[PDB]
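Asker: Sequences are here, hints too, so could you generate the full structure?
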Amino acid sequence: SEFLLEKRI
Amino acid sequence: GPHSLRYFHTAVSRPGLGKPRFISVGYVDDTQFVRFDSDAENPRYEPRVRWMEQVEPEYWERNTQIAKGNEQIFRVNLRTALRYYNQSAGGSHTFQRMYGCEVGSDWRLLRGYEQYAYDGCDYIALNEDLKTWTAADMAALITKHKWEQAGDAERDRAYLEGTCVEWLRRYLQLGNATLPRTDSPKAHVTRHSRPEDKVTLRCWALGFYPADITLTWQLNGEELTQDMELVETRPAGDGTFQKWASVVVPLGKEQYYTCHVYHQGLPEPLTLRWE
Amino acid sequence: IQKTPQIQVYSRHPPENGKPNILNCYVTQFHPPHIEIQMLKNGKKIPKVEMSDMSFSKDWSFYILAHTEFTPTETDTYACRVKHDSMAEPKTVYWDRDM
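Protein chains in written order, with the deposited numbering: chain P, 1 to 9; chain A, 1 to 275; chain B, 1 to 99.
Each hint should be verified, as a subset may be incorrect.
In silico DSBU-like cross-links for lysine-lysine, where the CA-CA straight-line distance does not exceed 30 Å [claimed, not checked]:
| id | chain 1 | residue 1 | chain 2 | residue 2 |
| --- | --- | --- | --- | --- |
| 1 | B | 48 | A | 243 |
| 2 | B | 19 | A | 186 |
| 3 | B | 19 | B | 44 |
| 4 | A | 243 | A | 253 |
| 5 | B | 45 | B | 91 |
| 6 | P | 7 | A | 146 |
Pairwise CB distance ranges (calculated) [unchecked claim]:
| id | chain 1 | residue 1 | chain 2 | residue 2 | range |
| --- | --- | --- | --- | --- | --- |
| 7 | P | 4 | A | 131 | 44 to 52 Å |
| 8 | P | 6 | A | 221 | 30 to 38 Å |
| 9 | B | 22 | P | 4 | 36 to 44 Å |
Everything labelled a hint here was simulated from the structure, so no lab data went into it.
For every residue, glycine included, the Cβ atom is placed at its ideal position computed from N, Cα and C.
Answerer: Here is the structure:
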């Protein structure tokens, strides 16, 4: 399973 | 033996034509196992192999809502990239992002990944220690800092070192009776009567895995110094691969040229020749 | 920053003339993702061409593998046309059983 990105560039 | 779990995100902006198109796709080794593509009715995470059909239905609901999240998050990385590179809407820019675990001859992370590309060029890259960053230019430098001060690699590190490796072990089990095992190349040499007093000896290799192979032609035992056509290793589709190498030689002199296959699945390096 | 498609048409199993098989079309090293891939037969399209989902490699270069069931007879020529914004001239690779 994937995960939910918690960083944005 | 060594394996991996790798997911590839791709977002493309398309102004005038509505919102950006997001596409996630999973891969156990080189075999693809899942997908998500916003170009859809009511998009959702779907399998891409008969083996993924056996997982708990809670699995899909999770990855559907997670990917919808990331999709919405990649719309933000795109409009933010516009502000940084001082670009402008109207145009099409795309984001790529490969993240995932790599395991060796044991169930323990060998290398982890988390890297972004913008318009066909590296942008940012979690380094091998999983707590430092690499930026390609000065725009990505502004991201590196945001991530460094916050400590945002703590979340990737935690997924990659953990959850990621557990799930590769899960998927290599589920799909153990299908996923390509290391397989040895089957090799032969055809010849093709090429215009003007010289035949084309082509050398083949078929039904192997992994894709990493070496084909070479030698004249009289030593390195070649004419030329040879060499097409890149290519997917058969059944999970194995295909490459050929072809040198052009004069009629009658075909016995002095030997093809040379080199593959991990061959215990001894192969040497072929016409007939 | 645009990059150009690299087409490669080939059979999956050794093409014995008369026996069912699978034709492949392998467009690589291109950018951006937006591409059309239609496989052909004497000029007219094949109605069920299955395509691989938009993925890429280590160096970021995109990848698609379109495929379809075909039976290679005496002649009836097969092919792969490819539309892209990397080139306003659609490249047309034809199939060759020797390659």
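Asker: Each hint: holds or not?
Answerer: Against the structure, the hints:
1. Our distance criterion of 30 Å between C-alpha atoms is met by residue 48 of chain B and residue 243 of chain A, whose separation comes to about 27 Å.
2. Between residue 19 of chain B and residue 186 of chain A, the direct Cα distance comes to roughly 20 Å. Compliance with the 30 Å bound is thereby established for this hinted pair.
3. Between residue 19 of chain B and residue 44 of chain B, the direct Cα distance comes to roughly 21 Å. Compliance with the 30 Å bound is thereby established for this hinted pair.
4. A threshold of 30 Å between alpha carbons decides the hint, and for residue 243 of chain A with residue 253 of chain A the separation of about 24 Å falls inside it, so the pair holds.
5. Distance hint between residue 45 of chain B and residue 91 of chain B is fulfilled; the C-alpha atoms sit about 16 Å from each other, no more than 30 Å.
6. Proposed proximity of residue 7 of chain P and residue 146 of chain A is supported: the alpha carbons are some 9 Å apart, at most 30 Å.
7. Between residue 4 of chain P and residue 131 of chain A the CB atoms are about 20 Å apart, so this pair departs from the stated range of 44 to 52 Å.
8. A beta carbon spacing of about 59 Å between residue 6 of chain P and residue 221 of chain A contradicts the range 30 to 38 Å that was offered as a hint.
9. Checked against the hint of 36 to 44 Å, the C-beta distance between residue 22 of chain B and residue 4 of chain P comes to roughly 38 Å, which is consistent with it.
The structure fails hints 7, 8 (numbered hints given earlier, in ascending order).
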